[PDB]
Structure formats: structure tokens, C-alpha cells
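Let's start with one chain on its own, the form deposited in one PDB entry, as C-alpha cells.
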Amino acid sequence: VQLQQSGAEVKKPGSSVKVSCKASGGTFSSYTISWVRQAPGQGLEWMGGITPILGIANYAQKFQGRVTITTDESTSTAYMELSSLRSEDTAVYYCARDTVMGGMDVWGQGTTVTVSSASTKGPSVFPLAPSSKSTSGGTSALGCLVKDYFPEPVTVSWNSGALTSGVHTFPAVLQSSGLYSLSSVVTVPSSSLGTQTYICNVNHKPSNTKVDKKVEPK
């Protein structure tokens, strides 16, 4: 079958979050469902589990006290609620069906939960102009700095999607300020500089912000 999880959560420290895991078939039958989590670039950590047909739940020492794994009447959905959220709770939370021997065969798509003391902020977009010299004789690189936005994510395109080849938009960086930054660059013929206009189109739905930045030669 399949496990369907709830959508991404953005939470302030101290509050709590509650995630959902729906059995595709409509129930979890006699299975035991576990909640495992994974922080950015980190390994997999088991948090606890529940067996909906028995109303019994386990918990890992480390979360005992802050977690609560419940289920609804129909036992068609398992819930995971983490309390007193910390920046350290920022991770992707999965649910999975346990195996008889101790493994987990079915996993959900996961739910992202970000914990930040920051509030939603549209992006400031600065240009990464191409050097007056040039970049690599023949080709040239210009870009966009999508600075200090929150939460994620932002999408970037160039010249409204026309310019695709030679493009790369980097992953975001989480600064101490608690805000997100990212860059997107493109390599173009050094000759086009001056006759061809270049614009990065930035969109950050969380803030209903849309920026079309023009990147000109320094």
C-alpha cells in the first residue's frame, strides 16, 4: 500500500507541531507504524511508533516527554506531535510500516518541519554582474543573488524560461540571521553582453513576491 503524509510546517520555537500519516488502503490493519526523522545532511533517527489496532505506542528515550503518537477513531491515520520545538527539531519527518523482523518496508514521502524564530520575508534580489574583463574567453557568467528570504522555497528562471542551457540555481544557505539566501547563475556567450538583456525571474509564494531582476554588465 502507501503512506500519505501532511504538508510542510513552519514553526516558531517553543510551539508544537503535529504531523499526519494516512494509510492508502484506509486503515493500518494490524501493522505497527513508526515515525523516523532526518535533519539536514543528517542520518535517520527513530522517534517512536504506534500499533493503531491496539492503541499502544512506544517512544525513544530522547523524545519521551515531548512526543505523542496518536491515531484517529477509524485508525486510518497516525499522528506525530512534537512539543517545545527547537531549531534542532528542524528536519524531515517520515512515517513507515514496521516489518515482522524489525525493518521498515513502506515509507511516506515525508513532511518538512522548519523551526525558526524568524517571520515570513520576501527576497531582496541583487545582480551578479559579469566582469568588465569577461569570464572565460568566449563564454561568460552572470547571475542573481536571492538574498534573505523566509521561509523556503524560491524558484528561479531566466528570461522567462527562454534561457535554459548554461543555468544552475544553487541550494540555499541558512545564515545566522535565520534567513535564507541562494544564487542562480548562467553562462552565456561573452559577445551577447551588451546586446542581449538578461533577467532572472524570482518567485517566493510564501510572501506573494515576484521579482524580475535585470543583470547588466558592470
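Residue numbers count along the first chain shown, from 1. In this text, rigid core is short for the largest set of C-alphas that superpose within 1.5 Å between two forms. Compared with the form deposited in another entry:
- Shift analysis on the rigid core between the two forms singles out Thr139 from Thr75, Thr139, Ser116, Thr112 (C-alpha displacement of 2 Å or more).
- A rigid-body turn of 49° separates the smaller part from the larger between the two forms.
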The other form holds:
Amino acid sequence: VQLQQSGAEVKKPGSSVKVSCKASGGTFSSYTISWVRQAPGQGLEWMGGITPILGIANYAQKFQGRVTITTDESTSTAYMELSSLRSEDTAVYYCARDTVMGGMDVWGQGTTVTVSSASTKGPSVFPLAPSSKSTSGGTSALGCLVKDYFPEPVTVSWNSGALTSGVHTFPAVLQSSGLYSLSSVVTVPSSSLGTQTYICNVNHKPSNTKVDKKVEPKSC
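Show the same protein again, this time as the form deposited in another entry rather than the form deposited in one PDB entry.
Below you will find a single chain and nothing else.
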């Protein structure tokens, strides 16, 4: 089945946001989709749900009035719109298929939503050149520095996902300036350094920014 959610968002307090959830099949058939959110280091909390086929939604006491769950005409996409945003609303939003016995079955990857007055900033990407200390033999480490961005999150892949072995993306560090920075490294056999190209693909949805940084052997 599988569920696809919309990208991460950033919003000013008081505004509103609207997340989407699309069935990997194309339709929700005759089942029910639910919306669950989780603030950082917090627990899970049901916000509401909707049965596309019936066109009728339902909401939790707490979000009664601020939330609106709907579907598109084709009934292939569900939406969750929260209003009067506040920092306390900063969290990860998940859509999930309802079990027949009062639970959730299939969960979407989740949509990170940050509510703050702070301006969003795209990242600056820098290459972490492989040490020329390792020419022929052993392995080698090279990477990408994703500096000064806001807000979370940013995903990193290499050679457009075709390179997955030996990849390691470290959690971002939140600096005193209020910006985040993270690094992504990949270990490769020294020999390939001279036979293959390496490119990190940085994606920071909040600022609608994507960067494909080529990482070459430093030649002083």
C-alpha cells in the first residue's frame, strides 16, 4: 500500500499549513486515513481522520475548530490543514491507514512542520575533499559540509541514490547562532577516486533549495 506525504514546511505563528498524503495505489479505496502528530521528544497524538469514500471527517476535541481534513475530488489525496499555528504546533505530522480494530496500520514517512518567526535560510554546501594521504590502497573518506541553514530538515544522498554503500549522514548540530549544520560522508575504495565521480545531493525543502555538489580530490 504505502503512503507518500508532502515535503517539510516552515510557517510564521498565526498562519496555517496544509499537508498532503497520497496512497501509493492511487486511491484510498474503502479505508480510513488518520492524522497523527509528534512534537520533538514528545509522544504521539491523534488529530483526526477522514474516510475518503464517505467524504466525512472527524476531529479530536483539542483541535476542534483549528483542523480541517479533506480529500481532492478524485478522492486520491487527503489533506490536513491546521490553522492559527503556534510554536507548540511545531512537530512531525503523519498520516496513517486505520486498522479495522481501532488502530493504525500503514504509516506515511511523516512531514516535518516548523512554526517560528525566525527567517528560513538555505544551506551553503562545501566539499570535504578526500585526503591525498590515501592514493593507492585501502579506503577513502570524502563528503559534504551543509552549513548554516534553518529550519530542519535536510536530506542527503550521493550520486543520486546510486551510491548507498558506505554513506553516513550525521545529525545536524544546532549552533548558538540559531542555524543548523550537518555533514555527510561516504567511504570509498581509494582506487575509484581516480575512476569515478562523486556528487552529494543536498535537499532542503523548507527553502526550496537543492544542491548537487561535486567533491573532487584536492590537488594543491
